[PDB]
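Asks: This is what each chain is made of:
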Amino acid sequence: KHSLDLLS
Amino acid sequence: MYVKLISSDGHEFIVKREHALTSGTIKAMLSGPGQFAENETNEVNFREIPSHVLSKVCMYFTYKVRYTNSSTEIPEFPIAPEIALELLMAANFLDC
Amino acid sequence: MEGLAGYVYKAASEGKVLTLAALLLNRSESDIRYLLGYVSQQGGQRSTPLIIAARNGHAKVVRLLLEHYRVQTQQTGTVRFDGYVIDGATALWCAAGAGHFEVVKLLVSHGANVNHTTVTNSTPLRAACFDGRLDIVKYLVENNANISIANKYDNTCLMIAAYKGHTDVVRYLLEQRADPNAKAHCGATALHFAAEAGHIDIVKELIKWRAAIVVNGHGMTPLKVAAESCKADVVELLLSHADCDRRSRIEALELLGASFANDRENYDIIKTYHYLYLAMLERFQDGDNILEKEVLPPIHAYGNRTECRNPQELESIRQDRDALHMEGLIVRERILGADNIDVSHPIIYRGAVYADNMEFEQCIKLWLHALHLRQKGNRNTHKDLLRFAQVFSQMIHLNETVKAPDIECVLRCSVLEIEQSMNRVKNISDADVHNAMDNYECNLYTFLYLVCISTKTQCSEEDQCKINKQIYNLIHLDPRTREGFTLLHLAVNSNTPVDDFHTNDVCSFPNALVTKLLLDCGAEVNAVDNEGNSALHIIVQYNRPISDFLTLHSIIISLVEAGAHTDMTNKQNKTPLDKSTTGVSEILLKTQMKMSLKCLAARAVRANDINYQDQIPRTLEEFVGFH
Amino acid sequence: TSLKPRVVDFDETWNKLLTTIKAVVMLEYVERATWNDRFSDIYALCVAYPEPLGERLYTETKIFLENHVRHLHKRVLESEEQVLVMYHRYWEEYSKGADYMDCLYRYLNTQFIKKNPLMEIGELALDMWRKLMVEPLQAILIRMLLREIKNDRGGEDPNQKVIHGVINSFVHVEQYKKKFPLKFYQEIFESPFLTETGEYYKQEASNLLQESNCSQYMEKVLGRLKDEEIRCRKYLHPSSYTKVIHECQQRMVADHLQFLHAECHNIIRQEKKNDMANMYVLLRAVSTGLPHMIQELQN
Amino acid sequence: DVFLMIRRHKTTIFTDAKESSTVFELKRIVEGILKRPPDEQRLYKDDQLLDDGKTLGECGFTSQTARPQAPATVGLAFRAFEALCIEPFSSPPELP
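First to last, the sequence lines map onto chains X, P, Y, E and D.
Residue numbering for the first sequence is 1 to 8, as defined by the numbering used here.
Residue numbering for the second sequence is 1001 to 1096, as defined by the numbering used here.
Residue numbering for the third sequence is 2001 to 2627, as defined by the numbering used here.
Residue numbering for the fourth sequence is 3001 to 3299, as defined by the numbering used here.
Residue numbering for the fifth sequence is 4001 to 4096, as defined by the numbering used here.
Only chain X is shown next, with the shape it has when bound in the complex:
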């Protein structure tokens, strides 16, 4: 995931 949802 990471940048998929943690980026914001």
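Among the hints, erroneous ones may be present.
Here are the computed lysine to any residue pairs in the SDA-like style, where the Cα-Cα straight-line distance is at most 20 Å [to be verified]: (1) P:1064 - D:4070; (2) Y:2574 - Y:2551; (3) E:3226 - Y:2304; (4) X:1 - Y:2353; (5) E:3226 - Y:2300; (6) P:1064 - P:1048; (7) Y:2403 - E:3242; (8) D:4027 - D:4082; (9) E:3115 - P:1002; (10) E:3004 - P:1002; (11) D:4035 - P:1002; (12) X:1 - Y:2263; (13) P:1027 - E:3031; (14) E:3161 - Y:2358; (15) X:1 - Y:2356; (16) E:3004 - P:1048; (17) E:3243 - E:3153; (18) Y:2579 - Y:2541; (19) Y:2456 - E:3241; (20) X:1 - Y:2264.
To be clear, the hints were calculated from the coordinates, so they are not data collected in a lab.
Go by the hints and put chains P, Y, E and D onto chain X.
Replies: For chains P, Y, E and D alone, coordinates are given in the frame of chain X:
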């Protein structure tokens, strides 16, 4: 995540996979060249366990998963007198 | 007649002209003013019937009230929400914000204050172009509206209009001599706001208005603002203004090219290389006036490459995506000085993408640089620590060895951030106390996850010593959760929150290793929260004893051997035996309850209210207070 | 048919069972229906009437294993220079094959062997790999391994996967031992390796000392140690990390303290900051390195 | 805390649901298990139809009548309407 335990009569007792791996052989039957890592069927063919006692085995799976860590006067497992001595060797085969 | 006023307010908002006329029929002059002019509360908004009539665009209600009842257009009330608690706005301001031209014309003709000022010096023209209706903006300006009037942050009618995609009003305001050299609260002009909005039409009219490009309060040109916004169209229009000289236009081309290498929604390799090569071509073409860049020494976080000075170097790493991103980052911080708002955030996106394909080692060091700069900038990094602990948990679940000095420096950053939140909540008033406490709790939870993943990693002796030293420092800082839970309470609780990511695979509470580490660093083993529950009271209530009896036995014996008074009473006088709700935990505590005459004597002292103040050892007054 | 004890002919059920256990130890393909049907065959043999055939099943399985790993041993020894890659190719086939066969033989393990000196099939298959394939090849393996490690020191790039799997085989082959599971790995590999790396780094310390001053010897030594933390991370067991680093320290920076302590004077009294940092990291790990340098700095 | 044995002709599914849940959740579950959309399957109770609206709490699936050690059976019919044709379990042997 739903293993399909077939019985001697074709009664496919679909049960939660985490529930069924409480038994050693079902854990072993899905380990090795029986994994089928595709989450499509994951079926197990018990060619020697009658359906009427495999159903009780599945109730035991659910009962054990529910009342594992509770130990707060757990209700007694209903084993009919006639189905015992079939459940005994069924749990011998399907360890625990 | 309070219910009648609410009915009048309800009728005007619902547009019931028939019901409003019936409610207001046969009413005296005092009754009319009481019914039309009272402030009513509904849905978190305190608005008058005339104010609420303009927001909903009920022209018939507005005309009926103004023509017959001649209600004054100076009513004040709380309007709108979502960051808008603006008070003192009249009915004209509400209609302008709602984009209703007919209500504005009716109000102004009836005597609305065109140059009305709210609490934050907001003009009705400011809200008129906020919605985006040209007729409302044209009507107010023709009705003697002062465009130069701004708020306390100096955002005029042109600046508020440039936020959105309303090309008609910004061009019209430029026709009415809008000042292009105005400075906002942070030294910002209208060009800064239009550059980040990605509106080439608004920006290109400002340069035709002789915008007089000047840096903001922080010291960045509006061209650089659009350069970091990955808006090539906005950037590639200032070259014809003939005022950027050569250094400013070539640093924007590099910044524009650098920004395309690190963006969630504007990432593309081909466009990034095209602009970066063009920036390098213009530097190394004239020869006599060749432009040379002052490259910083290679940061260990920024790989090992010290940019690409030679022209062959840039062409060689065109096919390498990693070097393409790395070269953009170095010039991204070099232009801004690595102390800007949006320097670390593109690095965070670069690492997160780099971690999505089983690559970890270079992902970590990028976030260390992001964590390092934000600490210098007094920026809270609770989300950064949370995602960092999540990535370590994902590594550990993947049985991957996590480097320990990174955990050490991240723990140092964590305790520094917790101290920053401590003195922040010391200085921050009730305005943002809820957000400050939320960030405080998040910081404590992330620190606990970091301690847990440190205990889940086999580290060296010196590394473990450093980690325990840092935990000792934070324990001496003595954090306190809003429930009064110290660090020990959260490490033994089962209600301690764990984020939905891979931390559930590694981090869990209560955890024996974390409690042992906290007790090793001299944590307050007898800490009492607001309710009264000690460190022992929280785990004797644990509801799953048999499943993880190892991690309940270990924590019980660790707490007891660390001096946790097993007979301690909360504010309700409940010993941990009483607050057990479990046979297993109760008996496991009873096996650790070394009965002492001191406990019985203290209980007998405090039971019958014997004055023990200063008549016993000072180490016994707190001991009696335990019971 | 039910789970009651029934009359079973061993010479036919075993033949119906050998075709599966022979194809699961080689990681071939066996259909899921056959694999699920075999679990009844071990059960039928283990509760056969009127005498359980658990002894016959275990003895025949042990005979088949010693006739299979020995067949693998001849093939691995058949290849002259490829014995490392032939061992690894026949180990990952057999390490997972032994685990799958242990899964197949679960009823035999938990109701005949564990209930009654006998080893479970998971333990037996591995213990019969270290008796018929490792130990006869022990001289060849821990000679070609150290040649590969020595070539890795020499700058060559061996197959990391093969060497790591072969070295990890020595500790995985004794994963079922309750007491000292790494005794074989330290006996067969670490002691022949720590002695080997000791000689190599003593030679390298003497060679570096013959062409470099103290301002260059320390940088090269720290280069070797930094590489040694990698040349042992991708080849050896995680328990061997601290032993190899500590042994290469006390062969290259603790056998030459006379060279380092004497040159510590000129390093400290001229503020050679780049050299002083390198000496401190070098002398900290040595047992008696710092207590002189400290003194010098104080002076 | 309700346990159900959803019955096909032979196929049986062992499901667990909350004390406050409706039929739509079980329809979604059997869609996720049997790969059958819920628009052609309707649940049952001792051979009488159930509607998608009402909850299982008042439907008769109380916590003390669908305990995990003895879950209550639930019918299931698939459109190819077809009547419920659940096959019972095997006959237990007589006491020896």
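Asks: For each hint, tell me whether it holds in the structure or not.
Replies: Here is how each hint holds up against the structure:
1. P:1064 - D:4070: holds, 13 Å
2. Y:2574 - Y:2551: violated, 24 Å
3. E:3226 - Y:2304: Given that 20 Å is the threshold and the Cα spacing comes to 17 Å, the pair holds.
4. X:1 - Y:2353: Given that 20 Å is the threshold and the Cα spacing comes to 8 Å, the pair holds.
5. E:3226 - Y:2300: With Cα atoms ~16 Å apart, residue 3226 (chain E) and residue 2300 (chain Y) stay inside 20 Å; holds.
6. P:1064 - P:1048: violated, 23 Å
7. Y:2403 - E:3242: Distance ~16 Å between residue 2403 (chain Y) and residue 3242 (chain E) Cα, so the pair holds.
8. D:4027 - D:4082: Holds. Residue 4027 (chain D) to residue 4082 (chain D) sits at ~18 Å (cutoff 20 Å).
9. E:3115 - P:1002: violated, 33 Å
10. E:3004 - P:1002: violated, 29 Å
11. D:4035 - P:1002: holds, 12 Å
12. X:1 - Y:2263: holds, 16 Å
13. P:1027 - E:3031: Answer holds: residue 1027 (chain P) to residue 3031 (chain E) is near 17 Å, not above 20 Å.
14. E:3161 - Y:2358: Holds - the C-alpha atoms of residue 2358 (chain Y) and residue 3161 (chain E) are around 18 Å apart, at most 20 Å.
15. X:1 - Y:2356: The given pair, whose Cα atoms are some 6 Å apart, holds under the 20 Å limit.
16. E:3004 - P:1048: Given that 20 Å is the threshold and the Cα spacing comes to 9 Å, the pair holds.
17. E:3243 - E:3153: holds, 17 Å
18. Y:2579 - Y:2541: Roughly 6 Å between the alpha carbons, so the hint for residue 2579 (chain Y) and residue 2541 (chain Y) holds.
19. Y:2456 - E:3241: holds, 18 Å
20. X:1 - Y:2264: holds, 13 Å
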